[PDB]
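This report concerns only the one structure given below.
Missing here is one protein chain; the remaining ones are kept as they sit in the complex.
For reference, chains read A, B, C, D and E in written order, and residue numbers begin at 1 within each chain.
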Amino acid sequence: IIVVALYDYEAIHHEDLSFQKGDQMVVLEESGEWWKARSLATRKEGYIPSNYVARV
Amino acid sequence: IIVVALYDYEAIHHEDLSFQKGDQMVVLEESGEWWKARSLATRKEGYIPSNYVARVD
Amino acid sequence: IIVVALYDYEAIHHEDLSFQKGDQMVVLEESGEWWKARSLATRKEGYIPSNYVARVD
Amino acid sequence: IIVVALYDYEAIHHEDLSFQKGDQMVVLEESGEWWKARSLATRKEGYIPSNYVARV
Amino acid sequence: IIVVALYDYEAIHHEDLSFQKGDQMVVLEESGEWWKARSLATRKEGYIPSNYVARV
Partner (left out) sequence: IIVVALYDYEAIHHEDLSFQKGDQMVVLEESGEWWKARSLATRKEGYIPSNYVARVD
């Protein structure tokens, strides 16, 4: 499942992923409130807050 | 009734309160995931993600 | 038993800890004006001035 | 996905979500007679009586 | 709860706190005519005459 970022996000932790509004990412794991994902744009990966994204 | 910011937070919504790690604020309402607060650093008011702060003594 | 730093502190000795405002640490010993603690971020241990931190309550 | 409140509602339980007439809220879950919602006005969450709101 | 000083006060005992009109403090204990409090700016603790402050 691919999701789109609704808002910009600054990585707080180290295992965190930095994305911007509009970015598309592939959800690798739906761990809980925090999901593992890979950016389709930058190619980098990490955890993202699930409340900042929407399922396409 | 005061909290200290554990991380930086830039307001996303319009009534959101921006704050920097270390900032002290007075909690106005403890309403779940979002709390209403008064900043002692900037003097502004707004909502804050409760998981970004720690209630202290 | 955890506290959060209210201000930045530069270690003046070898046995005490350096921390920045907003940092969280575990208090190992509450012995006087100086407390032994462990930074939750770096795991580092040392003494901290008790007046620079506030207990999470 | 969003509904507008037709009447004022006082929570009868601790999990309920109180609101006023006209308030807009996002419906999180449509579990029958009681729906889980997030208020756009107060940002709070809880269950609301589904016959008290209208879907837009 | 937090209070704000209505008037300037000069400490008389060794236990009471000195504060200025407008200062905000956190009430630690509401021990009658003399409440224990903590200045928010100086973090210093001590007793204050309750009739000199207004609870917000």
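Going forward, a contact is a pair of C-beta atoms (placed from the backbone, for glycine too) under 8 Å apart; a residue touches a chain by one contact, two chains touch by 3 or more.
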Could you run through the displayed chains and say which ones the absent chain touches? B, E
Of E:11, E:41 or E:56, which one is in contact with the hidden chain? E:56
Residues of subunit E in contact with the chain that isn't shown? 1, 4-7, 20-24, 54-56
Residues from subunit B at the interface with the omitted partner, ascending: 43-45
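One rule holds in what follows: only the chains that are shown with their structure count from here on.
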Taking the mean of the C-alpha atoms as each chain's centre, how many Å separate subunit B from subunit C? 23
Subunit D to subunit E: how many Å between their CA centres? 43
